[PDB]
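> Use these hints to put chains S, V and F with the ligands onto chain C, whose structure you have.
Protein chains: 4
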Amino acid sequence: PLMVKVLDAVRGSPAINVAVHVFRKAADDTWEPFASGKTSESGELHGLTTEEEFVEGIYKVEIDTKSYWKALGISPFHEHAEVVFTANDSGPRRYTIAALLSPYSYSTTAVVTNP
Amino acid sequence: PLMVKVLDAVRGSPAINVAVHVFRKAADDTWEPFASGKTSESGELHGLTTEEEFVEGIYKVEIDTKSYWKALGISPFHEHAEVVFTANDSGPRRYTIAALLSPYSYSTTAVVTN
Amino acid sequence: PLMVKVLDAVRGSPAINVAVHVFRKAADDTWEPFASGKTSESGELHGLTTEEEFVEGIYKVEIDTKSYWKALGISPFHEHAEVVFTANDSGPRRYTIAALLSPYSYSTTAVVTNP
Amino acid sequence: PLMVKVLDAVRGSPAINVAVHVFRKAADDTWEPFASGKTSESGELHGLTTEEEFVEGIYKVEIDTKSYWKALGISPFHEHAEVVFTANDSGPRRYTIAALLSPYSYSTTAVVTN
Ligand SMILES: Oc1c(Br)cc(/C=C/c2c(Cl)cccc2Cl)cc1Br
Ligand SMILES: Oc1c(Br)cc(/C=C/c2c(Cl)cccc2Cl)cc1Br
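Residue numbers (the numbering used here), protein chains in the order written: chain C, 1 to 115; chain S, 1 to 114; chain V, 1 to 115; chain F, 1 to 114.
There could be a bad hint or two in this list.
Below 30 Å or equal to it, Euclidean Cα-Cα: the simulated DSS-like pairs (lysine-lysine) are [as the list claims (entries may be wrong)]:
id	chain 1	residue 1	chain 2	residue 2
1	S	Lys66	F	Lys5
2	F	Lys5	V	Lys5
3	S	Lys60	C	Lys70
4	C	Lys5	F	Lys66
5	C	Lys60	S	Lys5
6	F	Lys38	F	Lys5
Hints were generated in silico from the structure; no laboratory data involved.
With the rest of the complex left out, here is chain C:
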């Protein structure tokens, strides 16, 4: 129900081995760790969570773009790219969070489908 896809606009390729950390806002208003992983050779990260665990809430997907660019000899502008959204508040949905990265820019979108 939660997938992350990352592309590299400089290379025209998937962004491989990009660390992703997901957090969920807790009752006390702090960000609790929720899931993490690294993107594959296709720039995809699957298997973060299950429909049982992915309850309603406010989630933050942090994509470690600085570590990515530094590993290729680019000193980038952003520390990371952060996507914050309410999920599942009208029931379960499937979310794809996609990001396109450049050293001084990024764009992100969400595709939200109803299984």
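What follows is chains S, V and F with the ligands alone, placed relative to chain C:
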């Protein structure tokens, strides 16, 4: 030294009256308020800080996109748009952080010039 | 070897039933029709061409964004989105042309892989 | 009534000295040259046309992105970036066409204001 510009991809216009909050990362790794404002009729926010105040450090610019779309009657995806970056004295002096907003997407870039 | 993917930034969904026309620059410098189709329920258009037919050249992928938005009651800004690129000039590659659409904006990227 | 602004997502700067050609769709459905220029040090191109000349019609703005990246020593994907749109008198009067360039991607938006 720090300007923010916000544009609306649905209406093809500046994004007017958008709240923007800027934070600087503190010693204890929390985010301390630094500056804030609302974008003007041109979608710009100027006069956030001064050169003296804007020292090297990690800054977060939070744009209240959710309120913006709600005001237009449109249901958005994001709670806000975040832009987190290090200000470094070596690089050029003036930072423009621009954001292009759609309900389920945003794009941001930095223009860093002398 | 040539795939097109289209997303809608307003809805947070694939852009379905979007017409796509591909042209190849001919010897006389005119644009020759090459392939066409419509995106699926997943916002994807596969099966445009074959590795045999997709020779070196300059290609134009025209995405009929105006027809798309008009069909949803938006009067959009652009007539279409056009992506023009040299393909296969160092041998065969696989190309994904992706576009993210808003009424007054679009973004496009290419993912280019070597089979 | 028509301005173009081009930014570079790799360097975080305006895209300077970029050739821009503008065409208007003619009676016979071909593209006739209308205006052209090179972006300034701020990545902007002003003074393309006048209100009198810029009548309703279909216009194409072609940005020579390939030459821009080649000049920087970078191998790009696109031959150019194209933006094709109708100018309509009902809508606001001033059109800004902005483009954010990367080697394998570009984004464009229209800011249409009065
Ligand atoms: O397989 C996919 C999936 Br799913 C999503 C995207 C989205 C790309 C995109 C973004 Cl994320 C931001 C701005 C512009 C763009 Cl064209 C691309 C591919 Br290729
Ligand atoms: O006056 C300006 C300045 Br300064 C900067 C930008 C950048 C716009 C943009 C962004 Cl922010 C993300 C993705 C694509 C785009 Cl065309 C636009 C205008 Br109009």
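> Each hint should be assessed against the structure and marked as holding or not.
Checked hints:
At most 30 Å may separate the alpha-carbon atoms for a hinted pair to count; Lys66/S and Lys5/F meet this at roughly 27 Å. With a C-alpha separation of about 27 Å, the suggested pairing of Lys5/F with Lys5/V holds against the 30 Å cut-off. A threshold of 30 Å between alpha carbons decides the hint, and for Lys60/S with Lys70/C the separation of about 20 Å falls inside it, so the pair holds. At roughly 27 Å between alpha-carbon atoms, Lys5/C and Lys66/F fall within 30 Å of each other, so this suggested pair holds.
Pair hint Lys60/C plus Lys5/S holds up; C-alpha atoms about 24 Å apart against a cutoff of 30 Å. The suggested pairing of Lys38/F with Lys5/F holds, with an alpha-carbon distance near 10 Å, which does not exceed 30 Å.
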